[PDB]
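*Asks:* Spelled out, the chains give:
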Amino acid sequence: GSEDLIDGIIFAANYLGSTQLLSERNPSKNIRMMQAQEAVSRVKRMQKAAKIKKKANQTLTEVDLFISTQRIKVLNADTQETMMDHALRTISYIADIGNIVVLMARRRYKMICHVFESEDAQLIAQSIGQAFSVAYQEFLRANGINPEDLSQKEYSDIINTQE
Amino acid sequence: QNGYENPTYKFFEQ
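Residue numbers (the entry's author numbering), protein chains in the order written: chain A, 363 to 419, 425 to 475, 498 to 552; chain D, 754 to 767.
It is worth saying that the hints were derived from the structure and are not from the lab. Do not rely on the hints blindly, as some may be mistaken.
Said to hold, decoys possible - Every beta carbon over 10 Å from chain D, so not counted as near; a handful from chain A, in silico:
{"id": "1", "residue": "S364"}
{"id": "2", "residue": "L367"}
{"id": "3", "residue": "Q382"}
{"id": "4", "residue": "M451"}
{"id": "5", "residue": "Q541"}
{"id": "6", "residue": "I547"}
Said to hold, decoys possible - When the alpha-carbon atoms are kept at most 25 Å apart in a straight line, the in silico PhoX-like pairs for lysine-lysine are as follows:
{"id": "7", "chain 1": "D", "residue 1": "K763", "chain 2": "A", "residue 2": "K440"}
{"id": "8", "chain 1": "D", "residue 1": "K763", "chain 2": "A", "residue 2": "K499"}
{"id": "9", "chain 1": "A", "residue 1": "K406", "chain 2": "A", "residue 2": "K417"}
{"id": "10", "chain 1": "A", "residue 1": "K391", "chain 2": "A", "residue 2": "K440"}
For every residue, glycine included, the Cβ atom is placed at its ideal position computed from N, Cα and C.
Take the sequences, apply the hints, and build the full model.
*Replies:* Laid out in structure tokens, this is it:
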């Protein structure tokens with residue numbers, strides 16, 4: 363009933379490339395959708411230039432997306448070779464505007502944004518989301534907040550009882 | 754136009 367993504371799942375997507383940028387501790391799910399949007403234009407424009415580079419001779428790449436409470440790693444839809452692997456905690460934000468999924472993790498103030506394309510972009514972001522919390526909640530229960538279940542039957546009775 | 758943040762990241766991390 364939750365074990366689903368602790369093991370993980372895999373979605374077929376399309377990697378377009380990446381783009382590195384600068385962030386500062388704690389921005390905003392509002393200011394992030396911005397940077398995220400400029401991280402997509404970066405690579406879209408980088409792709410048009412990519413295409414053209416092919417005239418002097425398609426340009427994207429097929430990948431699988433492994434999603435879990437542990438990590439989120441991209442692999443070769445063909446060679447099945449890892450192309451990148453980020454432990455979930457190092458991933459801070461993802462978004463699914465249109466069939467374009469973008470996620471950004473800490474490149475180990499210097500973030501790196503990966504840009505993929507998937508007719509399931511929708512479904513895809515949602516999952517990462519659950520992982521985020523499922524992972525989060527675990528990355529919460531282990532800290533003695535065993536009352537993680539309780540802490541929500543608390544973050545509520547700590548809000549109405551706050552009137 | 755939906756984006757989610759990692760409670761876990763925006764935690765120990767930042």
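*Asks:* Give a verdict on every hint.
*Replies:* Hints versus structure:
no.: 1; hint: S364; result: holds, 16 Å
no.: 2; hint: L367; result: holds, 14 Å
no.: 3; hint: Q382; result: holds, 17 Å
no.: 4; hint: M451; result: holds, 17 Å
no.: 5; hint: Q541; result: holds, 12 Å
no.: 6; hint: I547; result: holds, 17 Å
no.: 7; hint: D:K763 x A:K440; result: holds, 20 Å
no.: 8; hint: D:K763 x A:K499; result: holds, 15 Å
no.: 9; hint: A:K406 x A:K417; result: holds, 17 Å
no.: 10; hint: A:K391 x A:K440; result: holds, 23 Å
Checked against the numbered hints given earlier, the structure satisfies every one of them.
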